[PDB]
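*Asks:* Each chain, letter by letter, is given below.
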Amino acid sequence: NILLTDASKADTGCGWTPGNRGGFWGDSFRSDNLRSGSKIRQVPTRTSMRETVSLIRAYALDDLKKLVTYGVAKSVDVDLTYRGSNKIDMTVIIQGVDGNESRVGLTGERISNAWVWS
Amino acid sequence: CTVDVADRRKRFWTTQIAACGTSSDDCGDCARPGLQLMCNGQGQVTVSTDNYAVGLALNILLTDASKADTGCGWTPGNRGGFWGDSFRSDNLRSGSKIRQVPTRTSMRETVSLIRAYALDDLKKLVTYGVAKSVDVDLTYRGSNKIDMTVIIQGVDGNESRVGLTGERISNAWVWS
Amino acid sequence: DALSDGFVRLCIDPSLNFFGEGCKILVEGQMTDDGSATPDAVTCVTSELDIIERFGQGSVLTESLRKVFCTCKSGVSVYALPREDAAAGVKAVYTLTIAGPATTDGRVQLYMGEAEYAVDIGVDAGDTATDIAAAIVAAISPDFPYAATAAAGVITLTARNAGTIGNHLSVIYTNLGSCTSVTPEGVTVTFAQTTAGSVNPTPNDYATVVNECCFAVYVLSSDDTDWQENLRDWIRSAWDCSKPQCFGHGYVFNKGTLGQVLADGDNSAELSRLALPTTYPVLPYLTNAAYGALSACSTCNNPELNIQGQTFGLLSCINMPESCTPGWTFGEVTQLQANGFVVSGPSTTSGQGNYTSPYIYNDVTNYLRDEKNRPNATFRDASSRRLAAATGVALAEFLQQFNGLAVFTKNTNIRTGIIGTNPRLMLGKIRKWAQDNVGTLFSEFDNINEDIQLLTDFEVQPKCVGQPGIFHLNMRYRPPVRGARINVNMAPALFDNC
Amino acid sequence: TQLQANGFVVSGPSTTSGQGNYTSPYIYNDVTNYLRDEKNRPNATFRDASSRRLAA
Amino acid sequence: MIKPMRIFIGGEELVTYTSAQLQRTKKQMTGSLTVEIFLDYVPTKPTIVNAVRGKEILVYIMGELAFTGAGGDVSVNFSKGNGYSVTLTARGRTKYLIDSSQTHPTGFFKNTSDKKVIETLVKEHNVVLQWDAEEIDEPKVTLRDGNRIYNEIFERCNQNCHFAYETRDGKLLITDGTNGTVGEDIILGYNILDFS
Amino acid sequence: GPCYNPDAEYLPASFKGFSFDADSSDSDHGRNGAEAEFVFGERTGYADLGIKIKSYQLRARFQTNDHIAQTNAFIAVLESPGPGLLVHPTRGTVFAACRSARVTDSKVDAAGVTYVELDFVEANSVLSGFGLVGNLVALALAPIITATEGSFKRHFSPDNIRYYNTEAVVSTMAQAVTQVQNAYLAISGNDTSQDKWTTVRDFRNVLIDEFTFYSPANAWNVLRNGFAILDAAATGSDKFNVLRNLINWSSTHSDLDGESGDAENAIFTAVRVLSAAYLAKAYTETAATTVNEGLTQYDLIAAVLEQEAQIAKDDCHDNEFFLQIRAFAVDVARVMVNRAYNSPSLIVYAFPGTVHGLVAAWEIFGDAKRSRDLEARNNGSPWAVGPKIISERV
Amino acid sequence: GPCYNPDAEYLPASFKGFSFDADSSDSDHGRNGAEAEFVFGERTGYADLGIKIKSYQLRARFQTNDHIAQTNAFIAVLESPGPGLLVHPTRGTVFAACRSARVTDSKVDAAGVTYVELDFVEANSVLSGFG
Amino acid sequence: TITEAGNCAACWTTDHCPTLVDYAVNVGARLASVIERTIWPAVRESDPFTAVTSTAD
Amino acid sequence: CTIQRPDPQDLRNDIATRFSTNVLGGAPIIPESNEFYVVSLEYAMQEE
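Protein chains in written order, with PDB author numbering: chain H1, 61 to 178; chain j1, 3 to 178; chain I1, 4 to 501; chain k1, 337 to 392; chain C1, 1 to 69, 103 to 229; chain e1, 3 to 396; chain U1, 3 to 133; chain l1, 59 to 115; chain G1, 3 to 50.
Hints were generated in silico from the structure; no laboratory data involved.
Each hint should be verified, as a subset may be incorrect.
What the hints assert, rightly or not - Cβ-Cβ distance ranges computed for the label pairs, FRET-style: (1) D87 (chain j1) to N34 (chain e1): 47 to 55 Å; (2) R156 (chain e1) to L64 (chain j1): 51 to 59 Å; (3) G47 (chain e1) to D30 (chain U1): 40 to 48 Å; (4) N305 (chain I1) to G159 (chain j1): 20 to 28 Å; (5) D68 (chain e1) to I153 (chain j1): 28 to 36 Å.
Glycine included, every Cβ here is placed at the ideal spot set by N, Cα and C.
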């Protein structure tokens, strides 16, 4: 749901068509003060595809951190590594828990929604 | 009602390029701007009101502004400007001062000075709220000749873009 | 002026529009006899207020033009090529039967052509069918390319221009057979298409009318595939290797079912077909002109901007009511994407009725195979074509510094004081120019060592055949690449081992 | 303008005061009556009256 | 816009106030506005003054009335280096009740109610009364000769519980309970910059 | 750059007319605000309070055989009273005031050069007084009411009209006051406080008496106070229909002749002009939903006022009231036009195709809860608003 | 300049009649006024409040076999009551009053030379009974 | 120039250049006319030794 | 009096509470999940 939905575009002097500026109006009512969606498809493409790879890494990681912020995972992480011609591999790991606290003395704090089993 | 949208604001007369025709003087052909009179089907002439922004830009460029204080002074009646500026509330001056450049050698420097002066003056187009991105491209040195192409970025009478850094200027009804 | 004071003397240029005059767009189409413009001769067109008088009222050209002016107000200068109607052309005639009488008050609303020709009249109770037809004929806009007349409740619409271009109005959007809040109860409408189109012009004279008069965008307002083939031959011969080039690009359309549209295509790399369905509400040449005008007017100094998307490829001057079926099904959309066809769709999902605005996907040309039958994607993007033209002109202006320069081959030891050069130093300078435009004209590269070659004529021709001064520059480039092809491999992990 | 062309000094009133209404004349184009050169080839070297003083 | 205030001495929307403090309270009859104006002085050009000592003001706070009542004083200061400031002060319209002296002819209200004795101890200076508590009857009401328009009211509303203060419109509110109108739940950790 | 000409790119510095050569150029821009640090909280606030005053710092050099005289002249200029015009080498023309000027000048270490470290501050002019801006967001109804009082008391004297008409004139006056009373009784409605209970008794005590309206003073006081009480009973739209009825009631003319007709017409004119003024004040108290709506309301009121002026000018009845009405008309013009065009800055957004209310609100403002705001101005079903949507500026 | 004669362009320094040779010359001219920063406004104010009092800063040198006696005489003059007439080398004659005079004098580091850092203020009389 | 009924107008020779100057001529002549039609009477009529049209009053 | 169109935020809060109590057994409405969109859609219906 996060990766495959466009987030709001950034304000440019050019502007955007009233209907193309991405996002979801339902974000006007949530209370956690965040946005909905990702922006991997809004990278400012450039030459030297290594820089594009780094940019897409930053965007994907910033967007997937919302899994931890919501309290559904704990250590989501990406392993985006290739340059090819345009091909890129972006395996994603979503670290989860179980529905019964079986370990004592952890550094962090049990995710708030460990009932989904993550 | 639903057929509302038409700003009831109108436009007054506008000065226009080549309204009074060119004036050949064997060095070239200038423009001689003035007021264009539009005829009708049956007599009844009428002054045109097209091209508002370029009209303001002409009224700005072709009007001498108040000169700067010197040690000798000026004749009581040559110090440029317009007395009507004593009543506007925006605290600004009316006219341009490209005709007051302190001419010097090395015409590259006079080019830079004319650029500074014309850009300072034409920033008032954005300041009044009639354009948004005025800019000049003064580029030549020749013997004395110079080109001074001027661009006046405009908008339309209906906001068709969302999520701008700036703002709809102030007077986008003139169509800019 | 002698009466002035200072010395800096302003001389305003006689006329404005300097910004343009580098993006000339040529609109070609038919005209009626009302106009006073000479047929088969390109003429500049300044503004919008004098096209009805010059190219006939309600004609095809005085209606395309109108959209070229609506799309972008300034940035380009438009040139019309009016074409006289065919000799034996017979105008297409549809009819529209109205059956009453009315029983309750209401309004009658119709959408013919586009939103600018719409009609909205008032109907009282007890009004008969003849009166309704009379009011409708009196309220139809006179610029609608269909002379409308009334007779005893039957409205006859005759095309103003004879040819097949009259056979593209078959989706009239009435307001008579439903329960909208405003509806004369007891009236019905019936559509017909009595006669039909006929023979079209086939000019084939571009060489004479425009020969060294280089344009940027040619818009064609007709559907005769042979006229489109003559236009394509013209633009192709303008992209030749023999004579100096006047690079251009053409915008035509192709309306019909899926099979008909896939059959109307070819390997034509100089045109951008616009595939339009069988039940398109708008007249096709209107939206074709809007697309062509936006393309010609937005990519003046930005020749890489792809005209596609809800922002950069939105045709604001076209307003359709949406339809229950979505025209091209998604399968046909992909089919057309693959076979080098442009596809336009509605931007917002507004629901049935409910006016909308079409936008362009895939601003691509009709190029899918090479000269030796090798599948390619070099000239697929319509931006790649403009980039190739711009790089040609840029390299041609850069290489002017070697015109008349002294060159030293066979000794490559320019003496102290000479202003000469030699092929290796020229190759270095050229290759530096090339890798200096990386990002604006070319992609990164693949191997710049064997991509740029500068040979002398003395070593290309056979022995004792070369001439002094002639060179041979071979360059192989790639336009700037965009986007990526990420392969996500998402996988959860319930176990933990830090 | 005809007089400006043939190296003639022109004087005109400074203020726009209306009929009657005393004023004061001033000078435009402080130029000399030099428009052609030796060997009949037009020039502008000695047109300005300051060019002459600067030559001296 | 963060813009809270827009003061009007009569229509002149203060745009120079370098600072401001507006206090409202139930423990007393009035409030206390305190504006700070710049007031430059060029010792060659003509200068103009405003001797208001009574010219009436209001303080629309965050697009809503907050106060209503430069009556207080003018306090033009001076200094060499940061001088030329003007502190204006403005009490509440219910003031003359505070600084006057009763001038009712009789002095002996007989078979009256506290509301009535308060209505005639106020309508000598045109301060409409917002009576919203009750009517208590009392036989003998003798006002000490020229006591004060505010001491007597405070005495007459203390022996029958009635808070006496001023509203935002410019009226005298004699209440017995609260003004209702509940609001923000200030929580420690949410908006309290400081507490005591 | 490689061909950067400095002195063709930096402006030659000068202060207050005197020119000099500068060695440095600084600025101290900024934006000052508060900083909130709520206790025990993982959150922080900020409030923008205004503009930080600009300050410039320069370093002038004097390396010339007569640098001592130049430095003395520059000192004499810098100590001139009052701020003056400064040409900052990289910011152009500003108005600054010198605040410090250190003059370093050594002899046995570096003779020949003199350095001056200058410190200027943006010194904007002021307007002596309390710099009191105008009030062009509101109507002042005092001058027009005073002029109405004058024109009423000039043409109304039920002691100087023929005896067979005084009862008729006075009955007309009482009828006007009755109309104002009915207006108040219909506008208050559910006002239970005793203040109504008295105002009603005051109206009745005035109407029942017989000798009250035989004096111009009492009649005018009753009329003005009645209109003021009718004003203070509601706010905005509520007072529209009522006041418009009054404009229609006093849209008649008197059939009596000579002085009697003039008295009755004075009654009618007073009522109509007071109603037009208070209806203008009522329109101003409420926000315009559409530019055409505000302009139509202004058209109505300006038409009424021009009608009254033409009446008060017909055969030189009173020139003075004509001029007064003309002035109040231009005032109501400025206020109503500013309200219609600028109170909320209404713009017409152009959407591609019709869209929902929530989606339109969220795309325009970035806040979908403002959808309620798009319904009062646009007509069209909530699920299909557009494709042109009137709203406020952003 | 190329032939700028220094000691024919700077005036010989002297305070209250006692002459000395100066090595530096500073000044602190100015003009003091207010600065208005009206809240919530893109505007600023300024009001000129007068003239800033001038101050002069000099550095005297004494490099002579009798620099101790000269330094002590200079100290005795500087501490004489009341303002006195000062000849600033680059500003001519003024009426100044001494405010501080630091007298640095090492022995096993720099014997023979004595430096004095002087700080004067523009000093005018008023009258006696406030004007 | 002067037309038939006074009214000092502008002389549009067949090379004119419409500008605001002729509007200024217009407003000046207006001012002169409105002075001679509004202030000259009402000042001629306020003195019993110069009244002309208001002798009855 | 009595009843009137509810504050938008209050309306959505009540719809979310009902949805999570009567359907999801009390689970919170995690943003950007299918229940978040279903609740947004129901709120839109009630607003229209």
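*Asks:* Is 47 to 55 Å respected by the C-beta to C-beta distance linking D87 (chain j1) and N34 (chain e1)?
*Replies:* Violated, since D87 (chain j1) and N34 (chain e1) (Cβ atoms, about 33 Å apart) do not stay within the stated range.
*Asks:* Do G47 (chain e1) and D30 (chain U1) keep their Cβ atoms within the hinted range of 40 to 48 Å?
*Replies:* Given about 42 Å between the Cβ atoms, the range holds.
*Asks:* Go ahead and decide if the range 20 to 28 Å is satisfied by the Cβ distance of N305 (chain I1) to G159 (chain j1).
*Replies:* holds (25 Å)
*Asks:* Between the beta carbons of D68 (chain e1) and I153 (chain j1), is the distance compatible with 28 to 36 Å?
*Replies:* At 48 Å between Cβs, range violated.
*Asks:* Please test the hint of 51 to 59 Å on the beta carbon pair from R156 (chain e1) and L64 (chain j1).
*Replies:* Taking Cβ atoms as reference, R156 (chain e1) and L64 (chain j1) lie about 55 Å apart, which means the hint holds.
The structure fails to meet hints 1, 5 from the earlier list, while all remaining hints are met.
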